[PDB]
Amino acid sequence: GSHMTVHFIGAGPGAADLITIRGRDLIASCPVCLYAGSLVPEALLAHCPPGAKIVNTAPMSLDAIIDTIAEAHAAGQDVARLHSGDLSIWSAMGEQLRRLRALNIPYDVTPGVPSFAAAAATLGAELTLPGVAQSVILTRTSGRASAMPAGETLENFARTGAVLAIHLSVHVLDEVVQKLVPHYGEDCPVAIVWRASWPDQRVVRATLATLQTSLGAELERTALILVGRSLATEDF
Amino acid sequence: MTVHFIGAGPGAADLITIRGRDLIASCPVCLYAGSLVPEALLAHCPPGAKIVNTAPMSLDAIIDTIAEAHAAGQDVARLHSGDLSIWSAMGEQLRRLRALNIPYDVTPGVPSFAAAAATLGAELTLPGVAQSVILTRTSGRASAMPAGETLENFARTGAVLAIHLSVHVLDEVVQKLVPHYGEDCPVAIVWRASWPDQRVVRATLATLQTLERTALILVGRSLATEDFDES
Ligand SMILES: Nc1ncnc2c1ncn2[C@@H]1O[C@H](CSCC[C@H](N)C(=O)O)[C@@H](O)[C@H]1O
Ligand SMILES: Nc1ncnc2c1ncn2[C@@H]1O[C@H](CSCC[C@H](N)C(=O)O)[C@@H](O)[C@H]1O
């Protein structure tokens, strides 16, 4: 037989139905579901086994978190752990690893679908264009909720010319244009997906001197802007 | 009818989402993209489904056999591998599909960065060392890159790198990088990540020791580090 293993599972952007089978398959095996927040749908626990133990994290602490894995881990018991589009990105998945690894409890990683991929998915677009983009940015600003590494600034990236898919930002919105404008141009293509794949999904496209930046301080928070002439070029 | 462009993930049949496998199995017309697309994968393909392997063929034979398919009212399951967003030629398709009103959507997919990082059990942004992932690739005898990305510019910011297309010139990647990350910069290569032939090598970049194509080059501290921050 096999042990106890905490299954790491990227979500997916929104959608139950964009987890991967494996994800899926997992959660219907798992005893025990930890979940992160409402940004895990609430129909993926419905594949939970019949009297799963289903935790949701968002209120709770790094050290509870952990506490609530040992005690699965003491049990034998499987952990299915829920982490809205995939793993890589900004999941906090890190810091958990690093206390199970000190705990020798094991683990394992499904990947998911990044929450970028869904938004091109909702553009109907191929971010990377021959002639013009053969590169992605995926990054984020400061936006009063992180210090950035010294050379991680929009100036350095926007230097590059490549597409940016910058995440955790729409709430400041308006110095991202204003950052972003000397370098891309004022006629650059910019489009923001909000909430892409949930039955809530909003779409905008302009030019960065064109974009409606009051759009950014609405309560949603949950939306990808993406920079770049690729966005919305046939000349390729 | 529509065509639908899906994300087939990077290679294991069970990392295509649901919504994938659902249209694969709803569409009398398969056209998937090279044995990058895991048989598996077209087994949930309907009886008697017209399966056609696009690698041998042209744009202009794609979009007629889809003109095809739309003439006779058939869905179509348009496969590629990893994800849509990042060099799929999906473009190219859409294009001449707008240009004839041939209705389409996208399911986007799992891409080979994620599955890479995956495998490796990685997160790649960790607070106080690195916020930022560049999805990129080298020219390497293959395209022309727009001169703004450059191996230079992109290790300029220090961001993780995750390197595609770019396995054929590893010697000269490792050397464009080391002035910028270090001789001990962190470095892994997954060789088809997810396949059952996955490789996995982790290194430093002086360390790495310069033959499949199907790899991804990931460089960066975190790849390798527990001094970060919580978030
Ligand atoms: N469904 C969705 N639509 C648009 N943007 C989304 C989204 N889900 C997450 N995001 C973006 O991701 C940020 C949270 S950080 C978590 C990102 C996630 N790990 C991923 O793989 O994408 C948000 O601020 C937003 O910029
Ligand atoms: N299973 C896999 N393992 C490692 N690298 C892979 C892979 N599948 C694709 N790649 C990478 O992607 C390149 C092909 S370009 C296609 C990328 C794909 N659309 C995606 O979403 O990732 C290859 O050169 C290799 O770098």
Given for the second form:
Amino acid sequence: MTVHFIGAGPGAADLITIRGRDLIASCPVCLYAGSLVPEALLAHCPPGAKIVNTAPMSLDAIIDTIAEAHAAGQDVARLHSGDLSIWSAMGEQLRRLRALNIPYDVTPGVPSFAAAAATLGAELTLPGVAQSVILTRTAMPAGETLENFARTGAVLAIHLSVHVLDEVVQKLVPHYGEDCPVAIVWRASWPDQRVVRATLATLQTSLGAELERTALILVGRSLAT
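Structure of the form deposited without S-adenosyl-L-homocysteine (SAH) (previous: the form solved in complex with S-adenosyl-L-homocysteine (SAH)):
Since only the chain itself is given, any partners or molecules it might have are not part of what comes next.
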């Protein structure tokens, strides 16, 4: 047996990869990270599959469940939302699996910044304007500061609490300017999707009625309309 870590993508069931879909279809055990993974993907699980919601489970119980599948020789479709390379929390699971010598592989998914850019119809890189993209969130490691990032002029993709938005704006404005385009996306790709396009000066006044805490913000001239 093998544990197959799978990037489920941003939310829409048709934005999983073909490989990921095939793997869900052929595993008798499926461990999935709660309602961030659309239940429509669970329809691909073969009959016979036991389906396990890891979201309210502890790290220890997740590993015990994988261990009992491993003892039974049963493959696992381990679904995380988005892509596995960023903010999946796959690493701590991998470290626990290497300590038990349970085999695993990784199938990449669509990251939410890509899904966000697609909904906006935007190429983030624009010759002359920006050729780089920085992915980050708001204890951050030593040199990982908004100012350090803002100095580059790169397109920024920041995962954040709406509660700290005011600080984010203050730190970016000296670098990018009052009038710099920014776009906020909530629940990218879900039926529920909301998209606000604004400027740094006008972002806070352009959040209307939307009460959700976490969002993704994209900042740069290449986000102009």
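Numbering follows the first chain given and starts at 1. We call the rigid core whatever largest set of C-alpha positions still superposes within 1.5 Å between the two forms.
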{"item": "Identity of the moved residue from 171, 202, 47, 53, C-alpha shift 2 angstroms or more, core fit between these two forms", "value": "171"}
{"item": "Shift of residue 23 between these two forms at or above 2 Å (CA, core fit)", "value": "no"}
{"item": "Residue 228: Cα shift of 2 Å or greater between these two forms (core-aligned)", "value": "no"}
{"item": "Residue 216: Cα shift of 2 Å or greater between these two forms (core-aligned)", "value": "yes"}
